[PDB]
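Participant: Each chain, letter by letter, is given below.
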Amino acid sequence: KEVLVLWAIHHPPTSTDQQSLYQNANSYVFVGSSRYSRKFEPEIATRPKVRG
Amino acid sequence: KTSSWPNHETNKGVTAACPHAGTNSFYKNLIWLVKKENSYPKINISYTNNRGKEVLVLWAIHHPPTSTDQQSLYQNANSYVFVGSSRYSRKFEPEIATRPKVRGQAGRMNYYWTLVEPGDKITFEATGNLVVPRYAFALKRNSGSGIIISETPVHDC
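In order, the protein sequence lines correspond to chains A and B. Residue numbers for the first sequence follow this note's numbering, beginning at 1 and rising by one. Residue numbers for the second sequence follow this note's numbering, beginning at 1 and rising by one.
Keep in mind the hints are simulated off the structure, nothing from the lab. A few of these clues could be false.
[What the hints assert, rightly or not] In silico DSBU-like cross-links for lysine-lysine, where the CA-CA straight-line distance does not exceed 35 Å:
(1) B:36 with B:12
(2) A:49 with A:39
(3) B:140 with A:49
(4) B:35 with B:12
(5) A:49 with B:28
(6) B:121 with B:36
(7) B:91 with B:12
(8) B:121 with A:49
(9) A:39 with A:1
(10) A:39 with B:101
(11) B:140 with B:36
(12) B:42 with A:39
(13) A:49 with B:91
(14) A:39 with B:91
(15) B:53 with B:101
(16) B:101 with B:1
(17) A:49 with B:36
(18) B:121 with B:1
(19) B:28 with B:121
(20) B:53 with A:49
(21) B:121 with A:39
(22) B:101 with B:140
(23) B:91 with B:28
(24) B:101 with B:91
(25) B:140 with B:91
(26) B:28 with B:53
(27) B:12 with B:121
(28) B:42 with B:91
(29) B:12 with B:101
(30) B:53 with B:1
(31) B:12 with B:1
(32) B:35 with A:49
(33) B:42 with B:53
(34) A:49 with B:1
(35) A:49 with B:101
[As the list claims (entries may be wrong)] Okay, the calculated beta carbon distance ranges per label pair:
(36) B:46 with A:26: 23 to 33 Å
(37) A:26 with B:4: 26 to 36 Å
(38) B:47 with A:10: 42 to 52 Å
Cβ coordinates follow ideal geometry from the N, Cα and C atoms, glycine included.
Working from the sequences, and respecting the hints, build out all of it.
Facilitator: Written out as structure tokens, the structure is:
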């Protein structure tokens, strides 16, 4: 039967946060299938706080 | 206009695609900032909605047709524009290429808009290619209205 999959991509607010969480300055995420294909790159910027 | 951009040229963004009385002009609700004294420092501005009504904001992004045009307008080779709110968030990067002329211009301008809820905040950050807003509208809603298209004249009925 068909299977439902969920994932997420994180955008930190500062370069030092990215270097403290993932250690890599430039990062990418590729998700692929027979019918799906996409590449994601983070957007590092400071935004107004929602839940802190 | 007079107390927000101390280090940018606020009255040098006139173009020939929007002429007025035979002279170059531009829109009135937007300001086209360019470099000042061979420098384009970073722009970091914000606004919070203490009005009690939702506010409509409009801005634009400029795509020059050549690298020399970008270096002559903004002085920065690589530029980005981040616009963010509690619900809206986007990053824009220019596309520098030569396109067929429409009104004598080989560059383009993309126009964007957003609605800000009461008590909310909006933030602009940029290092080039930004056309900032100057006037905003606080909307009031009514169900029994609409937009019609007609050629008949308007009279005092």
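Participant: Would you mind marking each hint as holding or not holding in the structure?
Facilitator: For each hint, the structure was consulted:
The hinted pair formed by residue 36 of chain B and residue 12 of chain B meets the criterion: a straight-line CA distance of about 10 Å does not exceed 35 Å. Of the pairs offered as hints, the one joining residue 49 of chain A and residue 39 of chain A holds, with about 27 Å between alpha carbons and a cut-off of 35 Å not exceeded. Our distance criterion of 35 Å between C-alpha atoms is met by residue 140 of chain B and residue 49 of chain A, whose separation comes to about 27 Å. Between residue 35 of chain B and residue 12 of chain B, the direct Cα distance comes to roughly 9 Å. Compliance with the 35 Å bound is thereby established for this hinted pair.
Taking the CA atoms of residue 49 of chain A and residue 28 of chain B, the gap is about 32 Å. The hint holds against a cut of 35 Å. With a C-alpha separation of about 29 Å, the suggested pairing of residue 121 of chain B with residue 36 of chain B holds against the 35 Å cut-off. A distance of roughly 26 Å separates the Cα atoms of residue 91 of chain B and residue 12 of chain B; the hinted pair therefore holds under the 35 Å criterion. A distance of roughly 9 Å separates the Cα atoms of residue 121 of chain B and residue 49 of chain A; the hinted pair therefore holds under the 35 Å criterion.
Using a Cα cut-off of 35 Å, the hinted pair residue 39 of chain A and residue 1 of chain A holds, with the two alpha carbons roughly 27 Å apart. In summary, the hint linking residue 39 of chain A to residue 101 of chain B is supported, as the alpha carbons are separated by about 33 Å, within the 35 Å threshold. At roughly 39 Å between alpha-carbon atoms, residue 140 of chain B and residue 36 of chain B are farther apart than 35 Å, so this suggested pair is violated. For the given pair, residue 42 of chain B sits about 29 Å from residue 39 of chain A by alpha-carbon distance, which is consistent with the 35 Å threshold.
This hinted pair checks out: residue 49 of chain A and residue 91 of chain B have alpha carbons roughly 18 Å apart, not beyond 35 Å. At roughly 16 Å between alpha-carbon atoms, residue 39 of chain A and residue 91 of chain B fall within 35 Å of each other, so this suggested pair holds. In summary, the hint linking residue 53 of chain B to residue 101 of chain B is not supported, as the alpha carbons are separated by about 41 Å, beyond the 35 Å threshold. About 31 Å separates the Cα atoms of residue 101 of chain B and residue 1 of chain B, which keeps this hinted pair within 35 Å; it holds.
Restraint check for residue 49 of chain A and residue 36 of chain B: the C-alpha separation of about 33 Å stays at or below 35 Å, so the hint holds. Simply put, residue 121 of chain B and residue 1 of chain B have alpha-carbon atoms about 20 Å apart, close enough for the 35 Å limit, and the pair holds. Proximity of residue 28 of chain B to residue 121 of chain B is assessed by CA-CA distance (about 24 Å); at most 35 Å being required, the pair is judged to hold. Distance check on the hinted pair: residue 53 of chain B and residue 49 of chain A sit about 21 Å apart at the alpha-carbon level, within 35 Å; holds.
Of the pairs offered as hints, the one joining residue 121 of chain B and residue 39 of chain A holds, with about 30 Å between alpha carbons and a cut-off of 35 Å not exceeded. The straight-line distance between the Cα atoms of residue 101 of chain B and residue 140 of chain B is roughly 40 Å, outside the 35 Å bound, and the hint therefore fails. For the hint pairing residue 91 of chain B with residue 28 of chain B, the CA-to-CA distance comes to about 25 Å; that is within 35 Å, so the pair holds. Using a Cα cut-off of 35 Å, the hinted pair residue 101 of chain B and residue 91 of chain B holds, with the two alpha carbons roughly 27 Å apart.
In summary, the hint linking residue 140 of chain B to residue 91 of chain B is supported, as the alpha carbons are separated by about 30 Å, within the 35 Å threshold. Of the supplied pair hints, the one linking residue 28 of chain B and residue 53 of chain B holds, its CA atoms being roughly 23 Å apart against a limit of 35 Å. Using a Cα cut-off of 35 Å, the hinted pair residue 12 of chain B and residue 121 of chain B holds, with the two alpha carbons roughly 29 Å apart. At most 35 Å may separate the alpha-carbon atoms for a hinted pair to count; residue 42 of chain B and residue 91 of chain B meet this at roughly 15 Å.
Under the criterion of a C-alpha separation no larger than 35 Å, the hint pairing residue 12 of chain B with residue 101 of chain B is consistent with the structure, at around 22 Å. At most 35 Å may separate the alpha-carbon atoms for a hinted pair to count; residue 53 of chain B and residue 1 of chain B meet this at roughly 23 Å. The suggested pairing of residue 12 of chain B with residue 1 of chain B holds, with an alpha-carbon distance near 13 Å, which does not exceed 35 Å. Taking the CA atoms of residue 35 of chain B and residue 49 of chain A, the gap is near 31 Å; set against the 35 Å cutoff, the hint holds.
Our distance criterion of 35 Å between C-alpha atoms is met by residue 42 of chain B and residue 53 of chain B, whose separation comes to about 30 Å. Proximity of residue 49 of chain A to residue 1 of chain B is assessed by CA-CA distance (about 28 Å); at most 35 Å being required, the pair is judged to hold. With a C-alpha separation of about 43 Å, the suggested pair residue 49 of chain A and residue 101 of chain B falls outside the 35 Å cut-off, and the hint is violated. Roughly 28 Å separates the CB atoms of residue 46 of chain B and residue 26 of chain A, a value that falls within the hinted 23 to 33 Å.
Between residue 26 of chain A and residue 4 of chain B the beta carbon distance is about 34 Å. The supplied range of 26 to 36 Å therefore holds. With their beta carbons about 27 Å apart, residue 47 of chain B and residue 10 of chain A fall outside the hinted range of 42 to 52 Å.
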